[PDB]
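Okay, so here's just one chain, in structure tokens, the form deposited without this ligand.
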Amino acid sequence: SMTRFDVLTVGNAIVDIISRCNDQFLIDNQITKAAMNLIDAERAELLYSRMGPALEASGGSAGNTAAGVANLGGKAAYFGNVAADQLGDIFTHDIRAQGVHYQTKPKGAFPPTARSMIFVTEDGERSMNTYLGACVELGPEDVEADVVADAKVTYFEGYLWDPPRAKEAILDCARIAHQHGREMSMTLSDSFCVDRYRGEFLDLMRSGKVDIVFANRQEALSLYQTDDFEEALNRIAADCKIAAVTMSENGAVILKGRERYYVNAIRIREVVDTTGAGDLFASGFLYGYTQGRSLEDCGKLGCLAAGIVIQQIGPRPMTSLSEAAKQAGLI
């Protein structure tokens, strides 16, 4: 039995800078709504100068997913690179404080720690503007091989295909994980990210480097360049062992071969801020999966965690997911 970790996640280590804005702000600043918009240093300074008073919170898609696993009671670890600066110190504090193993060492102060300026519109949608900074230094040297060897599932972001060398680390992870009889998982991350790396993502799935794939509706449609969601579901099921496809207020569908399991979204009092929804869906799913739960129950746990996170500001739940799971009889 005993493994050190249930879930290792790997991603871009980012601190979020969060502000509300009106619809017009996105138009005026040519920010693509609901997407991850990469920005350079000059653009980061420009947009920040236009941004209202903000709140900061540790983010990073995989970072949030690890934190959610820990919160639910699972044993989690994280690889991601910050700088030796104050923002890096915040990031390091927050993930470790959640009880996630995080030991990736900063390489210097420059490039500085990544930030994402996240603008939340009145509908609760979030539009992200990300300066990768120190994330560009993540590489094979940051793979703690003993950790990957000792984790039931290693999960990574499609977003890692933007920085130059992160993919090399991910291939090393797949090798180690599979040599030790573990599973690999990825999230498609963002529809434009899928547009950038479609062929490579399909290759990861078809070659068996990735066993479990997370997607939302838009990402699945983007993967196959279709407007037919039924086609997207059929094709994703043929390309990976297990696929979990989220559909916002329409819940989720879990696919395995010919098996399909539909899960309802939970009741939401209000959509405060959708930042982190997919990340926490993956937390709940991977927690259930590494606890030996049915695929339906993994879906239920994902929907519970995702529904909780969209009802607060900030991407990591500030309430106990394990308590919520117990109350919900998912346990």
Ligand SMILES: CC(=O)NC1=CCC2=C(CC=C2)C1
Second form
There are 2 protein chains.
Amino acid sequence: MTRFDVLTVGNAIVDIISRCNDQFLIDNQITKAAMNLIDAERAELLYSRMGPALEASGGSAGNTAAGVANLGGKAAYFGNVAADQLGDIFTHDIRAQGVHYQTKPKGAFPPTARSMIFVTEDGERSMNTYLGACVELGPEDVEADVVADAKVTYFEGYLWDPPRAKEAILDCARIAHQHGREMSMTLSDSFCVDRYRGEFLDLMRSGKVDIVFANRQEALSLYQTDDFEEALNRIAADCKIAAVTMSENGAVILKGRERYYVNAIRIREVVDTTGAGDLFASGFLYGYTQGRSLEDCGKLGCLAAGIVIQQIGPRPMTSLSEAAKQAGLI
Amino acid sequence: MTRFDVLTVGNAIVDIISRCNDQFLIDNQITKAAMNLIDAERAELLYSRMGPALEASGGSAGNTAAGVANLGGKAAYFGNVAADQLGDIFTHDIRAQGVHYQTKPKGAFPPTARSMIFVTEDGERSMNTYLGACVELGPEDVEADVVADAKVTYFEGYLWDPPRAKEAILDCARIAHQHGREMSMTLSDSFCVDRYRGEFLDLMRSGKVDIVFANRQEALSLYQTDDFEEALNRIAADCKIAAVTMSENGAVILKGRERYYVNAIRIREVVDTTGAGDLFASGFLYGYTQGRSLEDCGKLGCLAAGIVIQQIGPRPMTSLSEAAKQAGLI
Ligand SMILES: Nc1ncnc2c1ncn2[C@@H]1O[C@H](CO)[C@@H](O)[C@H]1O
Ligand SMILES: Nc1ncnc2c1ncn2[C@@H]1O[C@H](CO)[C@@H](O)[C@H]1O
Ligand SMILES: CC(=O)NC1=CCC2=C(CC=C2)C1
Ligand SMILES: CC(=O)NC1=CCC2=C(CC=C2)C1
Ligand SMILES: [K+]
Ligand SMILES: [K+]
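Pass me the form solved in complex with this ligand as well; I've looked at the form deposited without this ligand already.
Everything in the complex follows now, all chains and molecules, and the chain you saw is the first one.
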């Protein structure tokens, strides 16, 4: 018996969420459906144009850890906030979910990361992220005991943007593999992949990463192709297990030559896609660490993803375990 | 032409919102459906026990101002936040809605007020409020020109708790009436009424308040009666106009011997009653300052109240003006 099923590592972010029209994104040069990095001045400027907003704890990996805890698994998180009110909110929400979160803040400055997320009428989300205190995450924040005692350690491709987080991840991969655990990553965002394509491929080809999460856009970007079938063949050659999401078309789980197709759940309405991929990973990694089949991991993923997109905010406000019990997936 | 239709004055608060079970309120001796004042120590203690939460700008009068602006009226607000992240959030949200908000923070401590609002399965809300920087609101925060230039100045009964706010209110009343404007209050909460019963009756009887908002519980508390008909007759005798809400039973508007009953909108499901009274006041006061009939003001109030109770959070995320146009209220 081990202390943790899933440790996740990411940019610790609080989300500031508002609805906008399509022209708002165009007028403000915001790349739709993407993570747009911004500096402190741009953050002030954007906020000055944003409508009344709602705040909720975010961070892709943060969301994923919370989702595993919600489903009933044992989760931990590494990610750096500041000693400020936003950081206290982030700390509260993740711990209150029953995630082990012990990363110490280094001061009040830079302040806690925030992301202004604009949701359009079609339910797509466009994120505008000031990394703030995330830039300080480094090898010093690796709790080696936690990595040693987690079945899976999972991290964001997004971590390649801040300067020293990658060093922490290399320490994680070493500790994880020394203790016979598995490493996982998400490709995070298609432009993120464009920035770090070579480095991501190397993580997979060198065996530092065992399980890879991607959506259609990220897989196409990884191989710079318009051919989805080619991307699927190539990603299967590059990592031991690949979980590839395709929005309303569900997901495909690949292992060697094995392919497992899973359907999207029936949805009332796409309210807000924020966290869909994060919660897919929650469902998948929960199933995975519970010894479930890869198909059943896929189903658990589509379930969590389906639930999160029908609400505003990135972390399901309802019991995932209850839904899984109701859905016949338990 | 006047610069403002409605100026509101209240405790400037950010809400921290979570769902709980019935036993949680009992275990923590939280009075259900009430505003429970708390100190800094109790705030920390309650937060430690609270689940994952969502934050949104609140304050009863702040909400009412936001609602007036959403409907298309011209609104202003007085209320005091600290120079901190929560204060920056509050400032952003109210200004982003098109409310004039120019109250200057006086420092970083006490920090910006927050209320931990626990929403039970029945959709009822139980608020736990640390006043923080609200305690510093005083005569120095009265923008004389704003009061002089507002058709109605509306204020919270809740303002009787912090020490100096009442002085600002008496200043508003003098300026408003010197400029031929009208003053309005809400009774806010039945325990608030219990704390300040003599004072509230004096405000009405002396004519410092022209228009009073009450719900059934507040009206019963004001006269310490179980007889609602008695409460209605007495409130009508004590103020020029009284607007009395009865939850699902709608509302009754009283002027001298005139009574105008309005039906509550019929509801799919009550999600979170937070903001119902506040937004009833938004609709009513928007109607009132547009020269509408007392019944139509009640109609507009019930429309806004019905919309806010079908969403999480205290300020409607949808267009009240659009809803009003669809409703033939325009
Ligand atoms: N650069 C980033 N790194 C990690 N997570 C991010 C970044 N930008 C936005 N997010 C988070 O992505 C989540 C949705 O996947 C949001 O909750 C948001 O907080
Ligand atoms: N003491 C208080 N004074 C004014 N408003 C309050 C108080 N406590 C809670 N509220 C606000 O009441 C609103 C709901 O009517 C919530 O948005 C909350 O912020
Ligand atoms: C796999 C995934 O991300 N989940 C989903 C994303 C979008 C979407 C669904 C169902 C309909 C639209 C499910
Ligand atoms: C008059 C008013 O406040 N409107 C309503 C308040 C509460 C409530 C309704 C319908 C069900 C609960 C309508
Ligand atoms: K969402
Ligand atoms: K509400």
